[PDB]
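Trainee: Take these sequences, add in the hints, and give me the full structure.
If you want the building blocks of each chain, they are given just below.
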Amino acid sequence: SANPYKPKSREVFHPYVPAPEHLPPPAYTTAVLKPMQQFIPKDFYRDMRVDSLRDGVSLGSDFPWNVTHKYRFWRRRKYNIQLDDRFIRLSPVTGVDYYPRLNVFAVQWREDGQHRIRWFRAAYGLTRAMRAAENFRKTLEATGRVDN
Amino acid sequence: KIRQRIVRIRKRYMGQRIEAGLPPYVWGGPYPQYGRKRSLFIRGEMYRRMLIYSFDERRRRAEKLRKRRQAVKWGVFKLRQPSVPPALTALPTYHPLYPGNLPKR
Amino acid sequence: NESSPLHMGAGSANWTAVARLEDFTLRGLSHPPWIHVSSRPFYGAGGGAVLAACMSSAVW
Amino acid sequence: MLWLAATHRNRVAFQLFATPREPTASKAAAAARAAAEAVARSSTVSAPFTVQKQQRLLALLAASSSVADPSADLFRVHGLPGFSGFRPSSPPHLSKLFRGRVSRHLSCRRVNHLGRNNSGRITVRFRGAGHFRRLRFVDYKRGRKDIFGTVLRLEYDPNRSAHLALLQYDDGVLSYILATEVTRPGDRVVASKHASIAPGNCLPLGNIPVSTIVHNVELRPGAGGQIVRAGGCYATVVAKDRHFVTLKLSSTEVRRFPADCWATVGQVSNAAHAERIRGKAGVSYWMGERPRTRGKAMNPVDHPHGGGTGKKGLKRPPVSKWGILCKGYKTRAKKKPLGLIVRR
Amino acid sequence: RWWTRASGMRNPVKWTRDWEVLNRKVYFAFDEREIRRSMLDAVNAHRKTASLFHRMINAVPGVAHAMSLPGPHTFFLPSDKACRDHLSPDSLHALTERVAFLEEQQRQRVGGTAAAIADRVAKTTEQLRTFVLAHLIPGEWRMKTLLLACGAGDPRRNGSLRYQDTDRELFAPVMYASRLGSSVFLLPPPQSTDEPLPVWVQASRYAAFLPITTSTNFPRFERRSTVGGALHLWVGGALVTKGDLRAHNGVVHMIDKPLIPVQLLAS
Amino acid sequence: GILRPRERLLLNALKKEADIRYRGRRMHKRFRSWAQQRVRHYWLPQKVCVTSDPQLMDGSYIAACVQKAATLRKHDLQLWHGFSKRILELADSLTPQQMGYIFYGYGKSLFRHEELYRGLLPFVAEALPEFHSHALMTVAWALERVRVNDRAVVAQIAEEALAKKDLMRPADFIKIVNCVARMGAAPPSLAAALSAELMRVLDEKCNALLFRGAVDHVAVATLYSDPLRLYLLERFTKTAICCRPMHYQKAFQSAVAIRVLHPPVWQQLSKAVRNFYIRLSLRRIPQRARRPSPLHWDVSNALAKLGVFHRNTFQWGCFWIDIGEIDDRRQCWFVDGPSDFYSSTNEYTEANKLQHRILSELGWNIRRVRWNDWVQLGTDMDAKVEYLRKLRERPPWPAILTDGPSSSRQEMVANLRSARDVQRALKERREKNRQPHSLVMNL
Amino acid sequence: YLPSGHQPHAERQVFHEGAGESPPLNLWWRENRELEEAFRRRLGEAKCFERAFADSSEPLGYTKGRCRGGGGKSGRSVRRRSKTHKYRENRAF
Amino acid sequence: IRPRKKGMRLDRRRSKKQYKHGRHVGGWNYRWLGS
RNA sequence: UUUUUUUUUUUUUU
RNA sequence: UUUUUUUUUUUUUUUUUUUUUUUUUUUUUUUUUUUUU
RNA sequence: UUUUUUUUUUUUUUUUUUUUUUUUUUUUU
RNA sequence: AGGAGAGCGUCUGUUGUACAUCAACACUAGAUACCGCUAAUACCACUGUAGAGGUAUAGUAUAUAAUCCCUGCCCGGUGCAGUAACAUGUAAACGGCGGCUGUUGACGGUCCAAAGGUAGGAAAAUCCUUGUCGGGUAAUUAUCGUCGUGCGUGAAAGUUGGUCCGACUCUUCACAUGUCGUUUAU
RNA sequence: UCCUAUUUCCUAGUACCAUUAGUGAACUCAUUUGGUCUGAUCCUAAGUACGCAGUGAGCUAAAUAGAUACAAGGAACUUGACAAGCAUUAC
RNA sequence: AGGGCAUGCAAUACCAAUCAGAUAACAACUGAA
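Protein chains in written order, with the authors' numbering: chain LG, 161 to 308; chain Lp, 641 to 745; chain Ln, 130 to 189; chain LO, 1 to 344; chain LE, 367 to 477, 491 to 560, 595 to 635, 660 to 704; chain LJ, 2 to 444; chain Lr, 190 to 282; chain UD, 168 to 202.
One-sided excerpt, in silico: chain Lp residues whose CB lies under 7 Å from chain LJ:
{"#": "1", "residue": "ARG698"}
{"#": "2", "residue": "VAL712"}
{"#": "3", "residue": "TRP714"}
{"#": "4", "residue": "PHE717"}
Under the rule of at most 30 Å between Cα atoms (straight-line distance), these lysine-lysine pairs were calculated in the DSSO-like manner:
{"#": "5", "chain 1": "LO", "residue 1": "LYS296", "chain 2": "LO", "residue 2": "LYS321"}
{"#": "6", "chain 1": "LJ", "residue 1": "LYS109", "chain 2": "Lp", "residue 2": "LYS718"}
{"#": "7", "chain 1": "LJ", "residue 1": "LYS17", "chain 2": "LG", "residue 2": "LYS166"}
Simulated from the structure, these hints should not be mistaken for lab results.
Heads up, the beta-carbon is just placed ideally off N, CA and C, and yes, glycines get one too.
Mentor: Here you go:
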């Protein structure tokens, strides 16, 4: 249900991770990076890599993969592959919905200040039922039976 | 039924290639999207946070040990004593604020 | 009717039964009854030096 | 909460809280006298605080006093989308009450009995467990004599029908007090017999002029207000005696009180508490109420009313669950001698 | 000694596994989190760090009352070090002398010279109030809010902040043998100042070493502060070392430079 | 009761966060353990007061006090010096047991005061026959820590140890050997005898736990004979499991030095044994955090001003290099100090000489810079630059390191005192330049 | 309650138009440590209210009984205490 | 037995009730050893 | 719901 | 608005508590009283 | 990784169980 | 689980029932009665606890049911309140409220009583299992509208009801249909 | 000599007890093949670059429990529209 | 009975007002066995 009690935005959250307000500066800060004088403290890279991901904005070019050490996900990695960006069961026409238990499409539209929903069985075919529902909504809008 | 049939043939073919030990090549074309939730992106943040936490804890321990040692270093540590004797600074018995001198006790 | 060893042991155990206003004279397999059981019998023709009879009254 | 030995007391040997500062009690006495004279010098008003004066002051306070015309656009958290519909009534900088949390050092957990006595049986019927509550440490005794205190903010008391106020003394100690309808954040109060007749000020009955609106009247010397504490309630001064003060309560009852006891001047805050209309049973469900079942719909053994069907009628007087009449039946010990009660 | 005693790792309670619902709790636990402590509390906590400021706040009246209001506010707390190293010796000594004078006046109270003292205190109190109040800014401005405002999140403006590289042959010869041989954002004016405050961002020195120890996917192309972090926020050309000090009244940020108004600035 | 929907959400998210946080803390915690061990079979039963009148104190009392101070880490100059003064007075009434305690305390505290060591040594020398294992071990252990070589007495200590071998402890015996090898006071015959006794001791009354302590690169290549070398090397492999990084490092070092110095003995080892060491090197061995010294930094600044590229700190397989040039990696510098030489002398230590020779063998253009020579320059930069430049044009040091000229306590003290003020003036000058001081207030 | 001396100030709402004043505090307990400790201990003794109770000692004491009219519950038989019913309930006797 | 009920009961061995009977395997008339 | 040398004890807090 | 957590312990601050207390394990470093800065 | 132990929190004793056997002249090595 | 007329009607929520097969309880609201602190009331170890660490805009008890609507008469009567130390006041507490006869009949006689059904609804959750007339059908006694006599109900006992609303009876319209005359094949 | 101070710190061999790490209601109950199927999550999946699971033989009788397709009429059935049906058909 | 004889049955009762537990500062505080 689209209840008030829900976030207004649907974007991934990357909240700030502030450090304790009583700790001193890290150890990695004592490094001389000058071309002439070079100084690499112990665990310099270890500390700096972690420290860089504090802000939350500087997630890096490859964020999903710069922290997943587990091989489970790496094993599945692929290169040079085209992928879609839309779920199969998502029609672009407004008012269309799909029900998993009923296994059927529904169309919501308002007529004369009253809510009405129609059934669309998808047993004969997913694409056929989806197109039938989209055509029904378009016919509603064309004939002018939807309030505006 | 047809999809469960085609999957088998595909898998069989791929397995044959793996057995053969041929170079790993796949169908580099437009794949569908059966997923809906951004599980990978949502999952990365937890590891980031965890890492942060770990780092913090490390820092805390480092600081604790350094702090404990610093005070023990030579030339710093001293048997500090009060300048004025505490007895003189002690409040008198007739002080109105002394315990047992007001009808509240 | 659930199975709860905690409940069972906290309400029906050896230390919980003693607090019960029951007839303790009845013999109990898994309980501390108070029924006397008459002990070891008389002696026949064995060695007299090896016949045991007492312990808590004789411990030293 | 506290122990019986720590909470129970009949006789009181003190009516004030003394906090001397000089090394010697001889100097402390002079300091106290100087403070009393300083408060006496400052006191200037001596007229009775009547209903008409109250009204006139309220009209001025709620007609022209409140004018800031502020730039509320900048007073907000930038970059916070917030909820998808859920918004507060008003921002914290324009609300009547404080948008925060009660003080941690001035509160404690509440022990919910659920209307049950020691025996474990239900004693009080129709008693639910609503929203969590915290017991407040309300300072009923004005022990702090000859000292001024300014109001910082006003708080909400779930346990009371009136609002509270955060009082801060010059020394910097924080304390809770019963607020008034007139008192606003910034107003100053003082507890002393030499103080003026103003809202919030606490003075003896005897010192209080006649026909003066008062509240938080104490029964015994230095015990605390018990006779009137609820919102919108107040008492009036009728008569005066050398040792007694005649007061008219909120229930139209005339009673005499000691001349030594303390009392506050003004009206309890939140006068409009009896105007809310609950739109649904959910309000009662959250407040900690339970459904009430009439006895009429009960069995004869359960209730006398049971079985016997009938409308209003005039033959057989009704009987409660306890077997006692509940219409015009006085419930008071006839033997109990009337005390300071004049007119009941 | 109960039904179950497992804790920590072995939590008997069952939690949701759905990433969609999990993504909503992080927002509530980070952004909509409530704080009991006030701004003054936060300020006091770092009294050691900012003694000058800590003392001025409690010394000059008015500032304490102003910094206790329910309305949202943003505060900057310059460091003692910053003050010391920025301020000239004469100005620092003069400021300390007046702070001590006010403290001595209050100590005397609690414990034509008479006419001159009133004028001196009246002028010094106004000067210090003006100085102090300059830092205060209406509204709540978070580190992330500022960062994003500065165009840190815009791909069209992140070109100078994302791709960073350095000579790897000079810092890791063993691992590389083949090589051997932003915009200005204007903030609302302060309480005691009409002039706006410019804010910008800059790239840190550390940011130019991530690729050497991280997986990068860059496309085909055709003094230095020691403070940590990939990005440095400059609020009016004062660097921020610490921030996000959320409170009941607003936010507090520690800057490495004392902001002084034009009214106090010399010719 | 019941909660508001708004509050419910926040509380649940907060709770969840808690769980996440807790999960996120015990990551790096690997080597921890709830259970621990504390040594308690050394404290005395009698009670004493450190803050008491030293005059009323006795040998027993003072002995106790010294050790209690050390254990409690009550580092007080005013307190320690009184102890030393009273000890000097009561030097003629100290039991062997008491002396040992005193020594242990001093050593544990690292109280650098030669005046007391020098005064207590002769009395120890006379009471050597009545000495015991514990006393004998503590003497040497303290001496080693404080870096005060005494070849006259240390040798005697060893000889008494050998005489009382039948009564000594394996641990103390091992530590004595170690100490002796580090101090460099054992002639060939003594060395041989020590080795022969050590082998039997190790093979008869040593376990996994006790054996690990016998591993020392400095000792192995200068005290130990081939027969003991081979047995040590072979048993290390078997006893490797029950070890620590500190012993691992030593083992590796030993291996390296053996390979570099004694090809024959190295070849005499077995294939299996060899493989162990081969594979060992490939592993990552943890190391403690390190940073440049003030002397190091001053030298580095002078070098950089001269116009030469180099590094501050870096590891090279098994050896640390002070300075390494980028244009010519072959080149390297080493900054010495007071600790690099024995007390009141300029003689290099055995570990310093061994590390110098190992790198010289391996082909490292090694240069050394002393501190007593450096201090003389004062706070002048041109003089230091010229000093460095004159060194650079000269050939490197020989394979075999030599000792410096004679010195004295007086000179040492003087030098130290002198340097004290230089290190402070340079810091003040450095720190002052960082302050812009631009802002001017009208007021 | 006595707040910390390093920050005696507390949050408050905006004062109305005609309030002004806002006098400073009087921190007289920061001159000595013992004075502050004694002041806190004295403040810790303060009470809220005094509750009365029945006492036979007093000349005007009394107790309560049953409600006027007697009566009772609807179809309920109350069994009185005894040595064989509800024995040893909240306390021994 | 519940916690509330169990918190107001003594042990049976705390009394003399255990030495006021003669129940045994033989019967109802038990004679103690050495009687 | 307390994380690495053990106890006693005071204020504030993300 | 139906008005919501804090004690054991951690950090910080303030100190005249105490072997009921951290290897007699180990490394590094120019270094410390009074009659050498 | 838990259990054990402080707090919540309870002799609201989980028979044959425990850091729990008489409680420091402990021979410090 | 659709379009239209009409009867009844605060649900959401709890549950299988006070008769003839067609229910209750709870509730937003209003109103009455008791009680000034060691309050009333409840448990019924009585110097106890809950109420309540509350204080007449508070606590508890009884009955009714929408936010509004104009809301009738009667204290002879049990009881309570009061005291001539047994007038008088309480029907939103406590049972209820009618005969002969004369001109369709405003009106006249007489008996009795504290008062002598108010208005509204009205073939009804009630009389009667076919009251007159009109709308639908080839037939309507079923059902809506209406008349107000045939018997009768009856106003904070809750009557009537504009608008809105519906898992509440019934009339009636539309698509498909083996419900069907009347039954087949896989 | 322009760093926010150039302030040594990997890791002590470690008491007693719990544990079959995977799918599956694995709990009371019992007509108990433990594991397949019957419902949401946990993997950016052409169903996861071959995963889990599947128990005697024969035969056109009729009746009964269900599925698909029925000429014309379309409530004439039944107390009652119970039941059944519509919601897929040029692509 | 020469010798030996783990553990559990909650034990200062070979004595001493009563009321929890290794048997409770007064008082609150009560009683048919």
